[PDB]
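Undergrad: Residue strings, one per chain:
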Amino acid sequence: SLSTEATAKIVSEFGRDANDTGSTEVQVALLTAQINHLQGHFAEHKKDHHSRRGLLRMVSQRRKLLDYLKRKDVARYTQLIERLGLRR
Amino acid sequence: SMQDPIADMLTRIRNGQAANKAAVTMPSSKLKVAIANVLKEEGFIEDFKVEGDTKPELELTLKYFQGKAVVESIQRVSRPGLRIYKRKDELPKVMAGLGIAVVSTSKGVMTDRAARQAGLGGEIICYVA
Amino acid sequence: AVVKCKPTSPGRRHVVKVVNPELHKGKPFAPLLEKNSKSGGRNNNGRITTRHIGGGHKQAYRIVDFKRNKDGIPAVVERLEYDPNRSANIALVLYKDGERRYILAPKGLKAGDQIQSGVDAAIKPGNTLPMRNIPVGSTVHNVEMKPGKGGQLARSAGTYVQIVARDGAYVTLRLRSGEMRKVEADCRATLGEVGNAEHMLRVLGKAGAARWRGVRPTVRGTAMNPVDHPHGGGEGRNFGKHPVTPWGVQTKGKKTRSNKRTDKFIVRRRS
Amino acid sequence: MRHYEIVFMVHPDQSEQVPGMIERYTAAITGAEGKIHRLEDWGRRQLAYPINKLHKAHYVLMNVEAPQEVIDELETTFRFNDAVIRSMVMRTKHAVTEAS
Amino acid sequence: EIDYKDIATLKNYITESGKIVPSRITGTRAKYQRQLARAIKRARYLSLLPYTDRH
RNA sequence: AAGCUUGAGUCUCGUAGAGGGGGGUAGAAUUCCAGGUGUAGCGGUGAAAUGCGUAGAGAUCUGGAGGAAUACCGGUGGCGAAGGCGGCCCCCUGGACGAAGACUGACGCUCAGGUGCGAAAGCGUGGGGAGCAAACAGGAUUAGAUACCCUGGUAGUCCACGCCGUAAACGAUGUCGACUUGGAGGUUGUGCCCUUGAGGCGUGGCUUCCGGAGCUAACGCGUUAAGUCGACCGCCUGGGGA
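Residue numbers (the deposited numbering), protein chains in the order written: chain AO, 1 to 88; chain AH, 1 to 129; chain BC, 1 to 271; chain AF, 1 to 100; chain AR, 19 to 73.
Okay, derived cross-link-like pairs now, DMTMM-like style, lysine to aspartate or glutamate, Cα gap no bigger than 20 Å in a straight line: (1) AF:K53 - AR:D71; (2) AF:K93 - AR:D24; (3) AF:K93 - AR:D21.
None of these hints come from the bench; they were simulated from the model.
Model the full assembly from the supplied sequences, consistent with the hints where possible.
TA: Shown next, in the form of C-alpha cells:
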C-alpha cells in the first residue's frame, strides 16, 4: 500500500496535530501521493496492470475533487493549488 | 441503489401482513408521515409513531380479527418516468368505486374526495383498497 | 527487436539493424597487428588455385594468444571489438600489472570482465583450466588438440561444444557437425560458449557489395561454353545432364575423406 | 527490523568454510544492532535424501532480527560459495530461543 | 514441541507411504488441518522429508 | 442557494487470500550422447506390420545435456471484473475485511456512442527446443481406407515487443439496493470470559448442500432466488434463404 511516510507526514503541511481526511483538499494531495507511489512501480513487473487500472481511477478522482472544491469555494480552491506542484 | 422512498413504504404494508406483524418499522420522512396521517384517518392502520432525534424511524400499528390481511391492494400509481395528473372533475375512481385515490395537490396529501371537496386537482400518488 | 528500415527503395525495404553501446567500432591498437596481404586465390607461380576469393580492400591480422598460459596472473577486458577476417568478437585483455593481448570473446555483450590464468582456477568462462580439471558436462569454448598448434576448433560466431566423458588420458566431446571424438585432457581449452551469433543477420539487398566483401560474382558451368566448365549445358534452362565439379568429378553424395592418420580418435562422422 | 532465522547446511567435510563467513556475518549484524537470538550449532545432522552423494549437514542458525538490505549481504555471500545448499532466511513468526 | 520443523513431532502426522493422515489423529480440533497439511508440504523443502516415498 | 448522517468516501493500526509480475531454488522421465553389462528379443494388437535391434535392442547401471509443466496435497477451501489463478522461498503491488476514533455531508445506481481485459490455436521478429504433435512419412484394416489404430515426425507448445479478440467464457441464471420462516457443513476478522469449553455467547465480512413460502408452459430458481418492490441500457416479433 501507500507508505506511512505519505499518510502521516502530510500532517506536517495540512495540519500540526491531527488529519482532516474528508476536507476534499487533503484528498487531492493524497491522490497525488498515490500517483508518486505507483509511478515507483513502473518500468518493472511490466505485465502487471492493476496499479495502472487503479491510476486511471485516481487521476479522474483528483480532477473531480478539484472541480468540486472550486464549486464549493474559490478561496479554498486557491488555498489548495498554491501548495501543489501543478502542470508538471 | 435506492431511489423511491414511497415504493419503499408500500413494501412495508405487504411485508408485515405476510408475516402477521402487529407493527412494522421503516426509515421516516415528512412525506411518509403525511401519508401515514391519511392511512390512519381512512381506517387502514390503528396508529403511527416516530422515534429518533437525528435518525427517525416510523412505526405503523395494525389490527387483525380473522387471521387474514386488512389491505389486499396498495399501488404507487405516479412513478418517476410516468406521473399521472388529474383535474378537479376527472379525478379517478379505484376498483369501480370500491377503492380510493390519494392526491398530492398544491397544498398537501389528501384523498380524491377531500380534493373534490376543496376543488383541487394534482398528482395521483397512491391507490388503496 | 531487431528493428526494420522503413520501405523507401530496394534492397533497404528489407534491412535490419542491431546495436551494442559497449562495443568499440573504432580502429585497433597498432602493437598487435600484421599486414597479412591477400593472396587473390592465386599460388606462388601466380596461377588461380581457389576461385572467387581475396578481392576488395586491406584486411590485416590481429596477433591472438591462441597458446595463452600463465598461472596466478588474472586479466581484465579493456576493449571489445569485431574483425572482418572472422565472424565472432575479439576482446583486448590487459594483465594484472601490464601487457596488452587479444583473446576470442565468450558469449555476452559487455567489456570489463576479469578472467583467470591457472589450473587451480574457478569454472568461469575464459579461464585456462585444463579438461582434466573441469567437472564434465561443461562447455569448452575454443578447443586445443596440440599445444604447439593452440586453440584450433570452435572459433565461429554462436558455436558451442559440450563434454560427454573423461577416461584415461582423454575427454570425449560433441560438435555442431555431429562429429564424436576424444582429445587429450591436459589441453587448456578456453571455457564457455562463443558470442556474437549475428554474422548471418546482414541483409544489404544490393548486388554491387561483392567487391567490398572480398569476392567477385560466379558464372554458371551450364551458362558458359563447355571448354571452361564440364557442365557445358545447353543453352540456358536446359541443364540436361548429371552434376559434377568445374574439374570433372562426381562429388554430390560421393565422399572424399582419405587422410589415413586421424580416424583413430573419431568414433562417428558428420550427421 | 524484520525477523529471520538465517539457516545453512554446509557438508561436515567442508566445515572449514563456516568460520570463513560467520565471523564476518556476526560483525555485520552487530553493526546493524541485530539481536542474534540463537547462534546455535547442531553437531552433525542427516538430510532427507542424498544429493550428489553428499547427505550430511554441519547445520548452524543465527536468528538475527535484521534489515532487508543487510540480509542481502548474506544472500549474495551464500550464492558466492554455491557449494552450500538450502541457505534459507525463513521470515517472520517472531524471535526463537530453545524452541519449546 | 508445538511446531512442524522437528522430525520427532512431524513423523506423527504422515504415513510409511509419505502421505498425510486424516484430521481424526492430527490434534488440530478439525480447525487447523488445512494449515498443517501445508506445513507438512513445506517440510519437504526444509530437507526434513523426501518429495515422494517412491524416489 | 444553504443544511442533515443511515448508503458512500478516506487515514494512523491491524486480518486472510492459487488475484496480478520477478529473481532464486527443486524432482523425475520420454530423448540425444560415451562407458558398465547380458542375450534376442522389444514395441503394438483381434492378430500382425511399419518401427526398434542383432554393428549387441528392451532390461539394467554410471556420467552429462535439454525443456515445458509443476504429481500427491486438491475440495461442496480461498482469490479475480471476467478469461481464469497452483511446487517452495524472498520480494514488488492493486483490491477486500476489521476495532476504536476522526474528517466529509448524497459524494448514491446505470449509461447512447466511446475506452479497455484472452483460454487454446494463429500471425509480425529473432531466440529456445526434452516430451509431444496438425501436416508430412509409412504400416495395418477393408473389396476399398487419401480415416479410425500403430510406428517415426515439422509447424507449434516456451521467452521479448506488438497483433488476434473469439469459447460449454456454462452455475445454459444481464446489472444496483432493501425485505424474507428453516435444516445441515465450512472460511476469516473482532468484543467479553480462569476459553479452567472437544472453545462459548455476541458482532462484522464470506461460502456450500438440502428444504418451505413465493415464480413458472412445465422443467428449472429458492434469502448468494428465475421471489418481492423499485432505477437503467441493448435486442426479439415463424423457420428456411442468412
